[PDB]
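A.B. asks: Here is what each chain is made of, one letter per residue.
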Amino acid sequence: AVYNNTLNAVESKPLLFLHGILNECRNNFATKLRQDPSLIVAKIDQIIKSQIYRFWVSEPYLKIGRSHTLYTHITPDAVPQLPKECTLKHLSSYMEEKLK
Amino acid sequence: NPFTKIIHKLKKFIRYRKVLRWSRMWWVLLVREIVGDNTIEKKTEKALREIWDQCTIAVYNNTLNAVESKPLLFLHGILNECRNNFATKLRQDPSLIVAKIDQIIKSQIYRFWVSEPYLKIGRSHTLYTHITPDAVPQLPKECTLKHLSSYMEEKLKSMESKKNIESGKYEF
Amino acid sequence: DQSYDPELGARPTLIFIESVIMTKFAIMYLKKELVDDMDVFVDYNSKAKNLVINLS
Amino acid sequence: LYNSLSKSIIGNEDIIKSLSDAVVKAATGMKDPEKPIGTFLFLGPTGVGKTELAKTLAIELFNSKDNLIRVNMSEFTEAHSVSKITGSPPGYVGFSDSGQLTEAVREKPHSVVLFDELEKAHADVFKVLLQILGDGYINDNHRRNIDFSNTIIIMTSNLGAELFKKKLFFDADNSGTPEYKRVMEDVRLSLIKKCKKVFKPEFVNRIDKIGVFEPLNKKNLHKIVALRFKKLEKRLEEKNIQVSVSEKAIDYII
Amino acid sequence: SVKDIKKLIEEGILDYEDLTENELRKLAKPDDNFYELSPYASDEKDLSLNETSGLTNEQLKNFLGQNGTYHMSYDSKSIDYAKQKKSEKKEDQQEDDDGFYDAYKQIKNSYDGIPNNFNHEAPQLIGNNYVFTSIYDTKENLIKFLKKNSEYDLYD
Amino acid sequence: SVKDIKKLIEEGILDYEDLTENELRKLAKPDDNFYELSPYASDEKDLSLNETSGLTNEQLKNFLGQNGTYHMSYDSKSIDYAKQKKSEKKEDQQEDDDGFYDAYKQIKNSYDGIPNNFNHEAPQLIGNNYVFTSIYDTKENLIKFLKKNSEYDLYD
Ligand SMILES: Nc1ncnc2c1ncn2[C@@H]1O[C@H](COP(=O)(O)OP(=O)(O)OP(O)(O)=S)[C@@H](O)[C@H]1O
Numbered sequence: 116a117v118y119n120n121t122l123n124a125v126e127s128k129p130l131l132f133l134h135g136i137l138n139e140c141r142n143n144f145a146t147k148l149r150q151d152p153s154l155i156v157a158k159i160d161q162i163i164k165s166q167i168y169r170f171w172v173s174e175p176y177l178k179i180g181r182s183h184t185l186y187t188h189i190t191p192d193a194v195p196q197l198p199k200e201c202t203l204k205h206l207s208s209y210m211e212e213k214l215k
Numbered sequence: 059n060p061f062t063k064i065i066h067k068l069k070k071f072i073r074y075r076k077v078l079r080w081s082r083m084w085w086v087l088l089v090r091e092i093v094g095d096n097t098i099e100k101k102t103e104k105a106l107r108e109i110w111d112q113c114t115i116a117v118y119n120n121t122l123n124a125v126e127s128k129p130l131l132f133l134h135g136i137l138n139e140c141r142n143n144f145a146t147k148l149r150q151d152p153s154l155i156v157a158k159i160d161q162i163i164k165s166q167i168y169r170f171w172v173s174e175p176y177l178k179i180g181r182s183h184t185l186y187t188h189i190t191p192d193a194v195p196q197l198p199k200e201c202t203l204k205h206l207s208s209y210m211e212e213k214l215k216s217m218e219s220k221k222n223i224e225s226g227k228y229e230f
Numbered sequence: 849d850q851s852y853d854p855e856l857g858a859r860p861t862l863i864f865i866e867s868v869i870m871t872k873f874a875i876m877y878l879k880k881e882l883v884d885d886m887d888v889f890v891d892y893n894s895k896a897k898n899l900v901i902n903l904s
Numbered sequence: 595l596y597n598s599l600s601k602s603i604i605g606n607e608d609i610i611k612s613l614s615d616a617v618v619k620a621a622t623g624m625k626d627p628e629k630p631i632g633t634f635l636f637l638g639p640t641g642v643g644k645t646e647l648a649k650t651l652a653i654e655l656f657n658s659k660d661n662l663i664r665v666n667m668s669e670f671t672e673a674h675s676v677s678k679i680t681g682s683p684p685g686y687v688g689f690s691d692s693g694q695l696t697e698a699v700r701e702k703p704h705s706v707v708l709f710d711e712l713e714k715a716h717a718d719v720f721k722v723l724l725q726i727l728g729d730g731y732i733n734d735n736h737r738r739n740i741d742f743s744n745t746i747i748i749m750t751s752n753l754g755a756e757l758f759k760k761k762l763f764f765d766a767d768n769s770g771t772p773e774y775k776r777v778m779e780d781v782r783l784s785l786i787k788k789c790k791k792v793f794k795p796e797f798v799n800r801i802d803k804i805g806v807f808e809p810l811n812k813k814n815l816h817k818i819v820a821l822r823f824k825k826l827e828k829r830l831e832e833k834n835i836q837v838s839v840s841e842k843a844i845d846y847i848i
Numbered sequence: 668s669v670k671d672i673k674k675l676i677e678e679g680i681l682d683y684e685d686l687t688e689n690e691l692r693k694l695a696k697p698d699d700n701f702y703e704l705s706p707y708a709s710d711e712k713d714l715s716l717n718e719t720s721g722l723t724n725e726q727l728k729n730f731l732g733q734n735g736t737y738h739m740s741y742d743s744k745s746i747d748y749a750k751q752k753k754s755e756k757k758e759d760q761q762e763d764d765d766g767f768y769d770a771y772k773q774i775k776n777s778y779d780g781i782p783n784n785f786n787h788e789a790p791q792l793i794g795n796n797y798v799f800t801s802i803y804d805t806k807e808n809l810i811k812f813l814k815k816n817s818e819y820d821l822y823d
Numbered sequence: 668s669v670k671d672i673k674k675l676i677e678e679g680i681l682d683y684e685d686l687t688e689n690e691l692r693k694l695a696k697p698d699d700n701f702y703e704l705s706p707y708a709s710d711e712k713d714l715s716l717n718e719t720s721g722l723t724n725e726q727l728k729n730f731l732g733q734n735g736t737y738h739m740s741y742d743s744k745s746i747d748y749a750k751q752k753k754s755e756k757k758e759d760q761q762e763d764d765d766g767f768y769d770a771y772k773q774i775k776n777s778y779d780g781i782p783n784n785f786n787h788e789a790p791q792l793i794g795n796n797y798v799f800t801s802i803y804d805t806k807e808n809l810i811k812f813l814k815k816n817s818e819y820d821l822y823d
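Residue numbers (the entry's author numbering), protein chains in the order written: chain A, 116 to 215; chain B, 59 to 230; chain 2, 849 to 904; chain 1, 595 to 848; chain g, 668 to 823; chain a, 668 to 823.
Bound conformation, chain A alone:
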């Protein structure tokens, strides 16, 4: 739904799509998922609201998206892990430390 709305290329300007795709599924999950025990709408709210999705586009991560791999070949092993200071779990822990 987002790539039919963008004249810009995906490789040319990648974060425009992260703001477009995550907000599309911030609402697409909200209109479909009634109960979130794993808080899927709630966490995508805070990835938008805290802008820590900028680490999903980085120098280790721009190498996979440029490379010629079909999307079926992409596994969780091919994507390298974010550092712990970048993830939401340490962001949510460091927040509760500061506010409490």
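One or more of the hints may lead you astray.
Label pairs and their in silico Cβ distance ranges [said to hold, decoys possible]:
#: 1; chain 1: a; residue 1: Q726; chain 2: 1; residue 2: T671; range: 49 to 59 Å
#: 2; chain 1: a; residue 1: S668; chain 2: 1; residue 2: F823; range: 51 to 61 Å
#: 3; chain 1: B; residue 1: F71; chain 2: g; residue 2: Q760; range: 28 to 38 Å
#: 4; chain 1: 1; residue 1: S668; chain 2: B; residue 2: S165; range: 56 to 66 Å
#: 5; chain 1: a; residue 1: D765; chain 2: 1; residue 2: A717; range: 15 to 25 Å
#: 6; chain 1: B; residue 1: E211; chain 2: 1; residue 2: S784; range: 17 to 27 Å
Simulated from the structure, these hints should not be mistaken for laboratory data.
Backbone N, C-alpha and C fix where the C-beta goes; we use that ideal spot for every residue, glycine too.
Since chain A is already given, all that's left is putting chains B, 2, 1, g and a with the ligand on it; use the hints.
C.D. replies: Chains B, 2, 1, g and a with the ligand in isolation, oriented as in the chain A frame:
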């Protein structure tokens, strides 16, 4: 379903062949104004050219005036038709297509799309098919939104920054 | 140029005169760096900055 | 006076610098004969000591709570209520008093004029306020001038609930200079921008210093409470009360 | 040897590696506050349920599945309805955040296997066995122990 | 030789052509403010999402595709609904906000590959490699360098 696809591709050629000369030309300029020297997608032009063609089909059925006789009436008609046709279809605009066509109407920089280099293509006998981005000469820099936008930095943030003070940081 | 705003009608230009320049004239009068008979010659330093050259 | 206000009130010393220097201009010949000295617009989040400054200036600059003149703007929410400020015009009910606020300034020209919460009033009440911050040429029903020279016109109003400072300081850090300083001014600009939205920007030009108060958290709140116990030391001794605080005694409260 | 005393000695003298199997089992079981009756819960503003949610359309899902060169996926009626009612009956009651703090507390609880208003002790499977944690005692130093050291070998 | 110092020398002495490959690579990477945690965002009035948008009708799209000598393309219900709800309270503010400065700032950010409320450093592909720019440091003199000089040859 492929047969019905063929005739309704033909029905934009038997009729509507004069507008799509001016339509595809005003779309090649519009993709340059929306994107502005970044790689455009060759595949989802086709999703958005069909919506732009349906804007010009909808305007040319509403005008008794000829397109060659009074061309800017159509730019006010077509761009406002796809200022709303994109708004009712495109939910997320990462490239801000509704937002930029808002400012082309409100700042009236679409008068450069109808000029002496540009009126020669629309009068000439070229099928819409043959109108490519190479056929469309580029606007000067002053007429891209970029320059205009950048000119709205300079104005506002020279004065937005002169909004208020630290009131005592200023020493002598 | 530090307080140009025509939409507010150039009252912030005079507030900036009163809240900055006149306040330094009031603070430096209480402490005795300004004698009652002193001529004041304000000039800009062209060093990012304001200075007032006191004269007698 | 800059040191004494930093005692009872802690945060937002840049507002105090704009506040104390207006007294410094009044104490010397740097006086504006038309404009009332010390007009302020105290926007900020709910809970901080905004109206408390008007109490401290009455206790310090005027040695009495009598020079504090509260204006309960909750009484003045109606559009008809604006006559209660300036009194009833001639030929109507009343007219013997010149008004609620306008009579009381006449006997004490050297006094602060507190306005409590400007967020809840009709805009007709703001129309009289244009002259109030502008000049001392305020006429009664008998049309005599009232001397608002030497009156410090403190005007708190919240708007705390609405947005900017409403966004809770995300990082409750004391002051990150590259962060807090930048983001606060962006919200303060918005606060000023909002005023054009409602306070009718003619009124904004009459303001000498809009001051946004910084919202309290654990770093600031840790420092406040010991002075509240020192307020219990001064008032409640002679009958002999002298409290003391600890590391745990403040952490238990926060 | 008792459940309560060992965690007072974890800071002082002894580490986590030298505990008994029956001591690691006891320290992962819930405390005595579990089984003690307390029928009261508060702040029923949970981020688990979405009030904007609706049924599967089964005609839109048919249309979105055929890839249809479309421009929007979701329905956007109930999520604009919640935006409108927030601006009208909310602007009287003025703005509220609910993210300055109530969001990040409930997100961190969902990483520990704890529901959002749940004030009691909650299990989460670490390796082969369960560890009962709560909001109050997060048992984070045990989770570091039973993930790192219990990769290859077994503990109960 | 350090990322921060070279841009202080670009105005003074040295140009952009004489930098090292490892210096051009370092100057296009993000600064140290990237990776530094800051969970603060504001002004959630973005021009990216359109509140007037709706689903594909699939009967109108069938009707508009057959060229049908029609007179209007879009649906015009939700875009007259947004016009009506805008007129409800005369707009004292916004008759001339939100049609001005906030529009042109977010348009210029979309030419740099930056989202609308995004206060951090954002990539954009220039030639063969990426350049991380933000609102604050636009890196415009690098984009002039890696477009003009890097037409024919390769730099990393
Ligand atoms: N910076 C501060 N210095 C000293 N006392 C403070 C400060 N901030 C808050 N307080 C105390 O907290 C209370 C603040 O009262 P106020 O907030 O001024 O009343 P108020 O201003 O009408 O509140 P709002 O924001 O309008 S709901 C008083 O008890 C003060 O003593």
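A.B. asks: Determine for every hint whether it applies to the structure shown.
C.D. replies: Verification of the supplied hints:
One distance hint, 49 to 59 Å for the beta-carbon pair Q726 (chain a) and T671 (chain 1), holds here, with the actual separation near 53 Å. Distance hint check for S668 (chain a) and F823 (chain 1): the Cβ-Cβ separation is about 56 Å, which falls inside the suggested range of 51 to 61 Å. Distance hint check for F71 (chain B) and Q760 (chain g): the Cβ-Cβ separation is about 59 Å, which falls outside the suggested range of 28 to 38 Å. At about 46 Å, the beta-carbon gap between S668 (chain 1) and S165 (chain B) misses the expected band of 56 to 66 Å.
A C-beta distance of roughly 22 Å is found between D765 (chain a) and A717 (chain 1), which places it inside the suggested range of 15 to 25 Å. Look at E211 (chain B) against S784 (chain 1): about 19 Å separates their beta carbons, and that is inside 17 to 27 Å.
Hint check: violations occur at hints 3, 4; the rest are consistent with the structure.
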